[PDB]
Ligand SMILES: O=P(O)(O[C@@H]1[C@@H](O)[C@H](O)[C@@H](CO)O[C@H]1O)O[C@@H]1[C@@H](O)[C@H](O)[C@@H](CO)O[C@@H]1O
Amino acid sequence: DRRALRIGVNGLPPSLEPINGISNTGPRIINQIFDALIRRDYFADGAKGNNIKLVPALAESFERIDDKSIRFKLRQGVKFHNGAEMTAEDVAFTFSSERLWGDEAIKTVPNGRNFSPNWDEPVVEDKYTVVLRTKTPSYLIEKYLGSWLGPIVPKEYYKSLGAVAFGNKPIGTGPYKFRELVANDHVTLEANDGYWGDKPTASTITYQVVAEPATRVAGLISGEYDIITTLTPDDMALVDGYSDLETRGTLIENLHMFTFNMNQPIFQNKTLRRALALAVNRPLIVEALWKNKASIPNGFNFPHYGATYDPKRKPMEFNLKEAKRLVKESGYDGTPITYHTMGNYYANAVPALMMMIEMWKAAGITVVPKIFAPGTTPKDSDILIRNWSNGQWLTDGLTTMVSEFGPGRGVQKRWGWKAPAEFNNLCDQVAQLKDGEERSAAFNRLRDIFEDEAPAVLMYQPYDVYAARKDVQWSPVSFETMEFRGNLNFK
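Requested chain, on its own and in the form solved without the named molecule:
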């Protein structure tokens, strides 16, 4: 009675364990197998899949009891896919030092401490009540639990298999249960008719890897796929021309940028980093390669940040004479600077780079491409400039300016950014502060420091394009995932 759903995808994650599967390709599958305590309700109040409203999901109700603790009252009688009942022991295990943020845990789940606030050990008060708490103040616990950190795992099944084996045979409470995985080929899920929420509308969901965008578009035309992912604005006209097919695009909460190896003499000072930033003409790149669909953020600042989004912050400056002042004052002698890119792993990376090289040539800077094929692992010492992307994964300003560029993180520790003292003092404060005038003002000093220091240069917020058959009613969300709850109906 229910149709099977076939999705032609760019790739599969390295794991289906919630944290180890975090990637461009994992959440779209993980979001079906699992539930979190809190759910982001993207379509609430008629919003076009970009709402930041958080609602209870596996938690029946919850109350913030102090600046660092939340008492969760869980839904009772909810079952995981293996028949086990979801209790406070499973929720406590999900955010425990043993599984997620302990020294031993991060050797099997490397980003468990990185994608978490400063957690303290959960407290099980009774079978269905757990307090999730942070060691120091945190008014972001709710946002973290409604993010990709949130999926609740079964304690006893997860511990008998271990994180690695659990990632290949996952068990959750979600609307679709795991059926099979064929590495680098496909994942098939089947309807969970015992689901506590609404009945699943597809009998099965298959995520089939089709690496080439054109082969993926061909599969949708022929009837091999119902929905296809990872297209660009340049692919829209061909798909929209067909009467029974259409494109469904959205601005995603991701940031395309380029960053520097600041250990290197040429990039230890901010002077040349700023010159490269002040010489990039972002509207011309967005106009020529993204059909004007990509958005240029007005700083390290996006609407989904909520209380910490500043709509009055002015655009990032494009001043060629100021760049030329910095290139000359830096003592730059015309030595070629390489720009590493793994081809077009990020959409339009090579075309955007070729446009930026000519802009950089006007500021008296010589930059050369260094296109390395997938498989070639370049050494850190060989990197001057490299392209990068960052998923803006909390519905808050903390991610990624504080979470990636802050103290003790890769940009400063691995890539040698010597951030000013104020930046690392304000980073630790905004993690502990409550929303208001003080926190919002502190996010502007962090943004001002970021632009003047230029440890990275933000390019734009990419426009993600999906294509689907018109007889499949499903709307994209503004994040790198797929939501089918209240959003998947077959005509």
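Positions refer to the first chain, counted from 1. Each form is matched to the other, and the largest set of C-alpha atoms that superpose within 1.5 Å is called the rigid core. What changes on going to the form deposited with the named molecule bound:
After superposition on the rigid core, the Cα of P455 moves by 2 Å or more between the two forms. After superposition on the rigid core, the Cα atom of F423 is displaced by 2 Å or more between the two forms. Superposition of the larger rigid part on its C-alpha atoms leaves the smaller part rotated by 18 degrees between the two forms.
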Given for the second form:
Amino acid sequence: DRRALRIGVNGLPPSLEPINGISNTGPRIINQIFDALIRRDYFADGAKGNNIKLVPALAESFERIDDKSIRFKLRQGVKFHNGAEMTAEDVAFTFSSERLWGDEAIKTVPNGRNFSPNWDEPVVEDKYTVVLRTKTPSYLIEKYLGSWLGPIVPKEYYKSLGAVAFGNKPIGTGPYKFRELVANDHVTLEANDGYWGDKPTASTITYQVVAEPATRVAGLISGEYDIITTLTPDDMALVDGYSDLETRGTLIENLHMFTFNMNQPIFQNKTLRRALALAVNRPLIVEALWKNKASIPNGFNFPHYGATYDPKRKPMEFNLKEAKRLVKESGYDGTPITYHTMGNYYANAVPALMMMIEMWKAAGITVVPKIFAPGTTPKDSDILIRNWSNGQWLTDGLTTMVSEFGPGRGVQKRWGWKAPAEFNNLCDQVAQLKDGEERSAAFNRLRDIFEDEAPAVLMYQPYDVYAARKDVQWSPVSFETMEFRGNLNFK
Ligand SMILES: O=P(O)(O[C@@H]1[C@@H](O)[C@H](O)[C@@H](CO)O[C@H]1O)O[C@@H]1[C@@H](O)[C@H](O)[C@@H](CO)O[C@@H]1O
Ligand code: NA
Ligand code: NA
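Structure of the form deposited with the named molecule bound, given the form solved without the named molecule:
Then the entire complex follows, led off by the chain already shown.
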């Protein structure tokens, strides 16, 4: 009797294992299959889906012991989708050296250590009591455990499969259970009638890949999808022209960017990276494609960071003439530089690129698009410029300047950014320092090096736009996920 929900999506994640699926496409699926110890109550106090309040979820109760540990008292009688009782053994395994942050774990869960704080091994005190802690002071543990790092996995089942096989047949405690997946096509979930919280309101949820937004909007209009993702503010005119459809959007805690393969000779030094950055007139892109709804950050700095947000920081300058000078100095010889984009996987990716191509022409640089189809992974050696995004997944400046751009992490190790020694020393400091002036001072210097080095160019915080049938009552949240608990009803 419950209605079946059909969501037209931009893509599917590479895995449904909670960490390996961290992407713009994963959380919207992963958040239904799993629960964390702590959950973000996005709509608390009438908030329009952007409240940061963290509430009990698989942890019935929790108390901070000191500056580096929290005791969690677990909800009793919670079952995983395979009938198994969720216990402290499962929570300890989820945040253990074996599964997440140990040397052997990061070979199969590659960002398990990169994204984690300085964990120490969890302590199981009893069946429903577990202490989670860091070796060094950290007032961010609650924030990590309520983020996309937090989903609790079943110990026996996950171990008997391994992270990647688990990622294709996930088992969690969440309100929807995995039914099936067809690679690069769809994922279907079904109501978990054993759920401990709000009873699921959809019989099934199907995430159907419709890579082209043009076809996705047409599918919504023709009655094929109840909700569609990854639209732009300019899609309002077509969608809202229909009385039974509407767009629903919000500013999300994500950053659209372009970055470089710094192993490539032309981008080994900061000179052309900075030239590409200074040639971009971001207010003009935000006015032309985002209806002035996207936000331009003032450095690698967001109000979401709270105590480590710097409101007085000046934004990076649009400086066409200086970009011209930097191009000439760099030795650039007019060779075409490619910019790889998987179509409009990122909302406004292709129109923003075309506007930046004209801005780059004005600076004396030839950039050409290299639009690749879904399921056609280009090799790193073929990449010069590429687009990317970073979810700003903690209310703290550590994510993602440190979690992505820090020492030993992907931008330096895979994409070859030669960060100054000073940057890597300060990344290590902000992880071990408690909230304060020294931590803020270190983030100020890290942001100055980041702006000077330009390993990536921050475009804007997107205004994420969805569209839906007016009979589907659901509000977007300020993050790259979809929340349906207490937020999905039909009629
Ligand atoms: O959707 P994305 O912008 O990037 C995804 C990537 O995560 C995924 O593995 C890949 C193949 O499926 O497709 C995209 O490049 O996700 C980023 C993620 O890469 C990053 O780790 C995270 C935190 O910075 O932010 C996401 O927004
Ligand atoms: Na060249
Ligand atoms: Na949402």
